[PDB]
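Engineer: Below, each chain spelled out in residue letters.
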Amino acid sequence: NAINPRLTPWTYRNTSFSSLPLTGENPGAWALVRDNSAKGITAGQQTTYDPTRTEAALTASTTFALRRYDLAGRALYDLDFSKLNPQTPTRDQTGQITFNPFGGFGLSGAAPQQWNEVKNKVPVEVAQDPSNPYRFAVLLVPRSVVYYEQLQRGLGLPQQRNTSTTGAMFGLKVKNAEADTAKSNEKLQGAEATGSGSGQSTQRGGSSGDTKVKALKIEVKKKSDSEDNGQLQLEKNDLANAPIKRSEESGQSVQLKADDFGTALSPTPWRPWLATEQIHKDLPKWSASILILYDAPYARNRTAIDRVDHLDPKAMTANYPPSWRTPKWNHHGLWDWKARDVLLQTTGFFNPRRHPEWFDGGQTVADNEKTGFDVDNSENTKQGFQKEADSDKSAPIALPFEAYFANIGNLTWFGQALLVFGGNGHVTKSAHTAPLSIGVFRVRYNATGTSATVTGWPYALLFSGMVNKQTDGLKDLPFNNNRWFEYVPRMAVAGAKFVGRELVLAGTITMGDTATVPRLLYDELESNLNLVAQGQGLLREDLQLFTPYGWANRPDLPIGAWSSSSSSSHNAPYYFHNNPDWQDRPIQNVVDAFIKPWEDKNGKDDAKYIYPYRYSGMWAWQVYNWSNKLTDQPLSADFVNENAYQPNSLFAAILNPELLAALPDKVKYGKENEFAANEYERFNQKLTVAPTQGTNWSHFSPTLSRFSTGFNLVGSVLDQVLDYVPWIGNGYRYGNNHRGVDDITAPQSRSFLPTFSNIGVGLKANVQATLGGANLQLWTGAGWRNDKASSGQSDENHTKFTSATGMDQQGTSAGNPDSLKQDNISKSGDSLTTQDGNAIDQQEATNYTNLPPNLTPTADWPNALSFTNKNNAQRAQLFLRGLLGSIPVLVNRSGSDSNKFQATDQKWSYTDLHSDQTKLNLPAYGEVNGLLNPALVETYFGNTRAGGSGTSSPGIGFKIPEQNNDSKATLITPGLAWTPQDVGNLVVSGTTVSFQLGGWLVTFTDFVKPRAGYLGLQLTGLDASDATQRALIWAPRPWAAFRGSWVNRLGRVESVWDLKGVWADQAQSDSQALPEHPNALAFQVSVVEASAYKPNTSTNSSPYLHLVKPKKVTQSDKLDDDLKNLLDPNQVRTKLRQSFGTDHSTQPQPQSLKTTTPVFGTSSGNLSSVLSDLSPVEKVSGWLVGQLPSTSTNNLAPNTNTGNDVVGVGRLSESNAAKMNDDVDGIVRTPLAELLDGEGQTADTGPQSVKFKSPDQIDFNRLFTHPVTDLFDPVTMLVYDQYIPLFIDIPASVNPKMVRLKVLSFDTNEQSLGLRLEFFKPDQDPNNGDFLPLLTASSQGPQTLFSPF
Amino acid sequence: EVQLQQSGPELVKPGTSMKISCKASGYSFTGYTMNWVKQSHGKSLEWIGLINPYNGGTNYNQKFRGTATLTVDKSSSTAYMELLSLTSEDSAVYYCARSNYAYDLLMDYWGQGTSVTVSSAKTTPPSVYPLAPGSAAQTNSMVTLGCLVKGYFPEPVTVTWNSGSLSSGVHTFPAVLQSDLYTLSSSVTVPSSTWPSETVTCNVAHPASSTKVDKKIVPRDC
Amino acid sequence: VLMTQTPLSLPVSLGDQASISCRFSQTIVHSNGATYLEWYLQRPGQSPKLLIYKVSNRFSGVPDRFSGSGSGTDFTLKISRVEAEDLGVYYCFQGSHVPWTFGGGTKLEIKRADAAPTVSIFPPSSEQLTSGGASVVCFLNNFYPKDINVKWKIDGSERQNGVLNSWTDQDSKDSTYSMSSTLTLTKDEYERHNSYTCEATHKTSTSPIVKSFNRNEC
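Chains as they are written, first to last, in PDB author numbering: chain 1, 60 to 103, 107 to 223, 229 to 263, 268 to 336, 349 to 831, 847 to 871, 888 to 924, 928 to 1067, 1071 to 1192, 1202 to 1226, 1233 to 1307, 1324 to 1342, 1349 to 1482, 1493 to 1516; chain H, -5 to 216; chain L, -1 to 216.
Hints are computed from structural coordinates only; laboratory data are not their basis.
Every residue gets a Cβ at the ideal spot worked out from N, C-alpha and C, and that includes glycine.
Among these hints, one or two may not hold up.
What the hints assert, rightly or not - Listed below are the simulated DSS-like cross-link pairs for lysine-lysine, each with C-alpha atoms no more than 27 Å apart in a straight line:
#1 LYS47 (chain L) x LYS17 (chain H)
#2 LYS37 (chain H) x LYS201 (chain L)
#3 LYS109 (chain L) x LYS37 (chain H)
#4 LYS1247 (chain 1) x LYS1017 (chain 1)
#5 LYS105 (chain L) x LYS1129 (chain 1)
#6 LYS201 (chain L) x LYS109 (chain L)
#7 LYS210 (chain H) x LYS185 (chain L)
#8 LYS149 (chain L) x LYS37 (chain H)
#9 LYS47 (chain L) x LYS13 (chain H)
#10 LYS1454 (chain 1) x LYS68 (chain H)
#11 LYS116 (chain H) x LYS37 (chain H)
Stated by the list, open to error - Reference listing, derived: stretches of chain H covered by chain 1, where coverage requires no fewer than 3 residues with Cβ under 8 Å from a Cβ of chain 1:
#12 46 to 53
#13 89 to 102
Let the sequences and hints guide you as you build the complete structure.
Structural biologist: Below you can see the structure in the form of C-alpha cells.
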C-alpha cells in the first residue's frame, strides 16, 4: 500500500543495510523502514523470552516494511509484507515474468506459497537482480532477529563450583593436571634406534640407566583378529595413553562441563534462542526467507512476490563437513581430546564451550564430553572409537538462531543464484557471544525463476582452497583447513560486493585459533591462567596471549608423552617447558641422531615416533607448526588447534561468483572429511587425502580465488604499519610516535617505545652468529636479552645459550625449569653418539649456542621462527583488534589512588633500559603476544605522555614487580566496545572495496586489483580528539550507532553513524557474571614474581633472559579489587574518558555523524618509492616515521592529519567527519538522494516543467497514424528527438537535448506507446552523465502510456 | 551489395558547422536506420547517434547530442551529420552505417569513413629536416637514417625514400599534434656501406600545397 | 554500461584461437530479448566491418572463423583461425543500452618472436636550429610487443614536457613495430643543455636500451 508515516528508515545491524540503491531501468532505493518508535522486545530482571511468544508480540507491535523510493528520493509506496496481499507474477511460455512496464507484473491472483506464514517476517536486505532490475531478493528475518540485541542474552560464564585455591576468575576451571597413578604405566615408552652408540645421553629418553637416544613410540594397532564381528578392534593405542589426568579438585575432577554454565530451565547457560531444528521446523516463521520481490514502482502492478525460499539453516548444516557433527573432536582424535581435556582446554576444532553460538545446546553442550567418540572407557583401546548413532550423539556444529541470523544478510545476486553471504553478526551478537556467518547461503533459481533451491555452504568449504599465494598480505595465516574442515572460518561479513566481476566477500573472519595453539604443560595450568581460559573457551580472546613459560615445548604430544618414567618434572626432550633456547639445532648430526632414526619409521608399522629432538619454539614457531597456518598446498592444515571465538583477522576474498552460482546444493563429503571412526584409522590417516569419487566438497576449494587480511604486506612490515595505526580510543598511534631507528631508544611526551614494531627498539643485532646463520641486521625489539660481550660495554648480537638456560651458573631456573642438560652429538663414523654436557672437541652441541636475543612478545626474528613471537596470525589479530582498539593490555597497576602506574614507573630510552630493562615494564608473560605491552599501555592510557606533559592519565599500566612483590596483573581491553563483528556494509569505490570495521573505515585499495608495493589498505578511523567522534568510539554499543558506509559520487566512503544511541548510552552510564561489555573478555590474573625479572641468581643481566616464569596462581594471587574492576572494560573506559576531559559540547550534541574517508592520493600506501642496504621492515618503519607528526593535552592525540595522504592510515579529519544533528535510524540512498531517516530534501531528477503531454495534448491521430515502431528507434528504445517535443512539455528554458524518451512498451496492434521520460543528469554537471527517469514527468511518475482511449 | 559512400576527408576550422554526406545505394534508404559513429585517431569507436531516414528521426547519445546533428535527404538517399561547433576532441573518422532492425543488425555496412580534423592550421608546406646519427649507427653494421617533417598540414603526405627505390626497412610514421600543427618522422635502415657512400634522399610530397622536397641527408662533420 | 573490452591488444599468430573478451557491469540483454552485442573488425585504413551480430549470429559475407558467444555481461569472440585479413582492431559494441558504447578496441597483431627495439639517436640539424626550433628525435624499430616505455633524459635528468609518441602499424612484410619519440624544444632551450638520451624500456631486454648523444659534435 501507500506510505506508512509511522515507519521510518532503519539499518539492519547484521549488514549495516538500510537502503539498496537502484541505478538503471528500475531506479530509486529499497529502504528498510520500521516502527522505529516501537520498543521492540519490551526493552528501552534479565527475564528469558520465549521465542514464539516474542515473535508474536513483535508481529503485533513492531511494524516493518520495504519502502520503495523513486530515483529522486521521494518516499513511494511502502511494502509492509505483513499488511501486503501479494500475488505471484504470471509468466509467459518462455518462463520470463509477465511484466508490462505500466500494467506491472501479471498478478496470478494467488499469494506466494507459504506466504501467510511469512508475511509477518521482516525485510532486512534487498538485492536487485542484475539480470532483472525489477527482480529483488528481499531477505526476511523474524521480527525477533531485528530486536535480538534487546533480549540481552549474554553468554553465561561457568559457575565457580565458592572459594578456590587456584585463584581463577570468571568461573575458570584451572588446576595443574596431575599424573594418573593408576595410569602411570601409560607413559609413552622411548624406543631406541634399530641400528648404530650408548654414551651418556640422559637427555634423549634414557632416564638413569638406559642412557640411549629413545623416541617415544606411539603404537596404535588393530587387534590381530581381522574379522568384523565387532568391526575394527584395537589391542594397543598409545594415543589413548593418559598418564596425566584431570586433577581431583576437592574430590571432583576439575573438568570442562556444560553444567558449569548452569542448568537449562542463578547462572543460566547460554543456549541459542532457537535451535537449528527449531528454525528448520517452522521455517517460514523462524528462518530468513528470500522473497523474490518483483517491483515496478510506476506500473499499475508495482508489487509481485514470486518465491519465498526459506534459507533453511539445516540447508547449510546439511552441507556442514561431517567432522562438524563431532566438533569436540579433531583429526588428532583421542590424543588431542585427552590432552586438551586434562589441560582444562576445549577439545576438538570447534568446541561449544568456545563457540556456543553454533550449537543447538549452546552452553548446555559446552564441554569436552559427548564428542561422538569414545573418550571415557575402562579399556583405553576402546577409546577414540566413533560413537554409534544409537549411542549418545555429540552436539554438532549447527546454525542456531544467533549463528544462523549472523549468517543471514549481505545478499549478493549472480546470474540465477542469490548468495546470502551473511552479516556481521551484530543482529544476534551479545557482549560475549560471537554469532558469525559460518558460510554462504544460496538460493539458486532456475532461468525462469519459478523454482529455487536453498543451500548453504560453510565458509570452511568455500575457503578450503586458501593458500599463501592467494594473499598479497600475511603468509602462513591460520586460514588453512584440512579434509575434515577443522578450521571453521566464520565471518562478520561486510558484504559480497562486485568490483566489476570479482565477488569481494569482505569483513572480518575467525581464522584458526592460534591463541591456544601452544598447549600448556599439565602442571603449568595454574600458572598460565589466561591460556587455560583461552583453551577452555572462557577467555574468548582469540589473540595469542604471551604465557610461554608454562607451554609445553610442543602441543602435539599425546598425554603419554607428557610424563617421563623418571623423576623429571616433564618428559623432556619430548615434552617440557617451551624454551627455544633449549631447542635442538636442525643440523645434520642432530636431525640424523634424533629425527632420522625414527623419521622413516614414523607412521610405518602402526607406530609414530616423538623424536628426542628438543622441539621448542616461541609464539611464531607454535603457530607455524600447529596452527592451521596457510601453506602453498590447499587443505594442508595438519594442525587446526581450534577456531577463533570472535573474528580474529580482517578479511576480504576475491571469490569466483561463477563457481558460487554453479556450486552444488547438497554438498557430498567423502570418508576423508569424516573423522576417522577409530583411533587406528586416525593414526594411519593422511592429512591430504584425495577426494572420493562422487563427492563435490573439493569443488568449493576454487571458490576463494584470492584473499587478503587487510594490508598487502609481510608480517613485520604489517607490524610497522600497525604501530602507525592510531588506537582509536584516544587516537594515539600504537607505535606511540616511535621514530624507529631515529628514536632516542636506539643505541646512539613526544615519543615512546612502539607496540608492534621492533625497529629502533633494543639493539641492531646481527643474526649471522645467531642460530648459526643477506646479513639481516635485525632489531631485537623490546625485551632484548643480549648477552654482554667479554668487554662488558658492548652487548652481543645474540644471547649465549648458557645465559638463557642458566648453565653459566650450572637449579630451579627459568632457563632450564625441566632440568634440561646440554646435549652434544659426535659423528664417529655414522655412529651418532649423543652425550650429555657441553659440546667440547668435535662433538656438535644439540642446542643452539647463540640464540635470538629476544624471547618476549616483541620477538620478531625472520631468521629464527622458533624465537619469533610476532607471527602473521597474531599480526592479523593485532591489526583487527587495534582497529577495534580492543587489544588487551596487561596491567598490574589499576590506576586507582594506590595502584597507579606513574610516568616515572616506565622508561623508554635505551639509556635507561640498558642499565635496567625492568624500567621498560614489559611483562614478557601474560600480555598479548606480538606487541610491546608497555607500548600498548602508553598508547591506551598515556601514563608517560601525561607525566611529561602534565597527571591526567588514567594511571593504568603494567609495572615490573619490584623487590619481592608479585605482578598480579591482568589483560584488560581498554574499554573500547568495538568488536571484530563491528563490520559495516561492504561498498565498492573504483577498484577498491571498503567497509567500516569497528571505528575504522577499512579500504582494501589493492586487493581486487593488487598493486605491487602498496600498503594494501587505507584506514580511516574516528578522530578521538573530536569529542563527538570520541564518544562514538567510547560507546558501550558503538556498532549500534553505525548506519552505513556508502561510497559517494567522489569515490569516498561516507559512513553514517547514529550517535543518538551513543548519547543515550552515555546518559545511562552517567545515571547508572561477565559485564555486558562487548570486549569484556574473561581474562585471568597473570601472576609473576619479581624474581622472574631478576634472573641473575653473569654476562646477561637482562630480565627477559629467560621466559618469564609465572607463579602458581592461588587465591592469594587473585586480582586486585580495582584491577578486577578493570577487567570490566566499562571501568577502563570510565577511567580513560575521565582522562579525556569532560568538555561535552552539547551544541547541539549531534545525533548522527557522517565520516567521509579522506581523498587518498596516488601515493597513499605506496611503498614502491619506499622499498626501492635496508630491510623492507626498516624502510617501511622509517617511511611511517616520515609520516608521524614531527616534534598530553587531555590524553588524546591531536588530529594533525599527517600521513593520511601518504600512508593511507589515519583518523577522520574534522571536515571528513560531518556532525549532523538529525538522528539516523536508517539511510535511504538513491543514486541521487541521500536521506537520513528518509527526511531531507529529495533529489531533483530534472526540472518540474518538463512533463509528459496529457493524452488530450498530443493529437493521437497524426501521432498514431504511422506505426508506433516507426515513431521511435526499436533498439535504443528511445523516441526520436524529432518526436520528443510532440510527446512531452518542453519549456524553452530546458534544452530538449537534455531529455530522452525511453520507450517502455510499444504495441502496434493497439497502437499504444509507453515512454519513460528521462532527463540527462550530467556527472558533476562536458556532456557526460546518466539519462535518469524524470519522476516529475507525470503524477504517476516518469512513465506514461499513450493509448487511443 | 549495400553501399555507403560518405563525404571525403574534410578539413574544417573549429566552430564551423559542416555536413558529412552519406550516399546510400543498394537498398531502400528509409527502411534501415543510418547510424553515425566517431573514431578518434588511435582510440575506440564512439556511436554518435542514429537517424531513421523514413521519418528522419534522430536518437543521439548525449556525448554527441549537442555536438552533432543527424539529418537525411530521402530524395537522394543521403544521410548527413552537421557537427555543430567542432572542437579539438571532435577530430576523428566519422562513419555512417546502415542498420537492419528486422535481423537486429545494429550498423554493419559502414561507409568508407570521413576523416575530419579540426586543427585551425593552414596548408603549411612540409619542413623537411634531414636526420643523421653522430656515431651510434656508424659503428653499428645496420645504419639507420631518418627524415623529420615538421610544420605541415593535413595528414595526406607522400613521404618516400629515394623515390620509392629504397623500401627495405622503411618505417614511415603518422604525424602528431603540437601547438596546432602536424609532424611526422620517416625512418629507413640500410647497410653500413650504403651510408654515406650512397645518396640517401627522402622525397616528401605534400598533395595539398604542391611542395615536393627531395631532402638529401648529409653527415654534419660527425 | 561501463564498457570494458579485454585485451587492448591481443597477440595471436596465423591460424590460432584469438579470444577477445567483452565484459559488462550489468547484463546488456535488450528489452526485446535480442542481446545487441556485435563484434566489428576494422582493418587498418578501412571501415569497421561487422562480423558477429546479436552476440552469436554470424554476419552475412563473414567467414565461419569468427564466432561470438556469451550471455548477460560476458561476451567472447573466438576466432578459430587468424588470417591476414583478420589483422585490425576488434570492437565489441553493445546496442541494448544507450549510449551505444564500443569496446576499448582489440588490435589483432601477428605474434612474432619478441625483438629488441633498434633505438637510433638523431640529433637536430643546423637548418632546424636556424629556423628557431629544435626537435631531437630517436627512432625505435623492430620491437615486440607494443608495451614499451620510453623515457627522455636531458643530461641524465628525466623530463616529460614535450614528450611526443608516434608508433607504426604492424607491417605485412615482417610484422614489426616502430616507435618515434620527439622532444619539442626552443632554440635557446636546446643551446642551454649538453647531452640528451632516450631510455626506451622494453620487456625484451632486462635493462632499458641506453642511447645518448651530445651537442658538441661528438
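Engineer: For every hint, state whether the structure bears it out.
Structural biologist: Hint by hint, here is what the structure shows:
1. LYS47 (chain L) x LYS17 (chain H): Holds, because 18 Å separates the two Cα atoms, which is no more than 27 Å.
2. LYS37 (chain H) x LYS201 (chain L): holds (24 Å)
3. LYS109 (chain L) x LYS37 (chain H): With a Cα-Cα distance of about 22 Å, the restraint between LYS109 (chain L) and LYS37 (chain H) holds, given a limit of 27 Å.
4. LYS1247 (chain 1) x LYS1017 (chain 1): holds (25 Å)
5. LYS105 (chain L) x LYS1129 (chain 1): holds (24 Å)
6. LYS201 (chain L) x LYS109 (chain L): With Cα atoms ~15 Å apart, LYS201 (chain L) and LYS109 (chain L) stay inside 27 Å; holds.
7. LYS210 (chain H) x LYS185 (chain L): holds (23 Å)
8. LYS149 (chain L) x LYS37 (chain H): holds (23 Å)
9. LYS47 (chain L) x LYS13 (chain H): Satisfied, since the Cα-Cα distance of roughly 23 Å is no more than 27 Å.
10. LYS1454 (chain 1) x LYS68 (chain H): holds (24 Å)
11. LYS116 (chain H) x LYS37 (chain H): holds (25 Å)
12. 46 to 53: With 7 residues closer than 8 Å to chain 1, the region 46 to 53 of chain H meets the three-residue bar; holds.
13. 89 to 102: Result for this restraint: holds, n = 4.
Taken one by one, the earlier hints all hold for this structure without exception.
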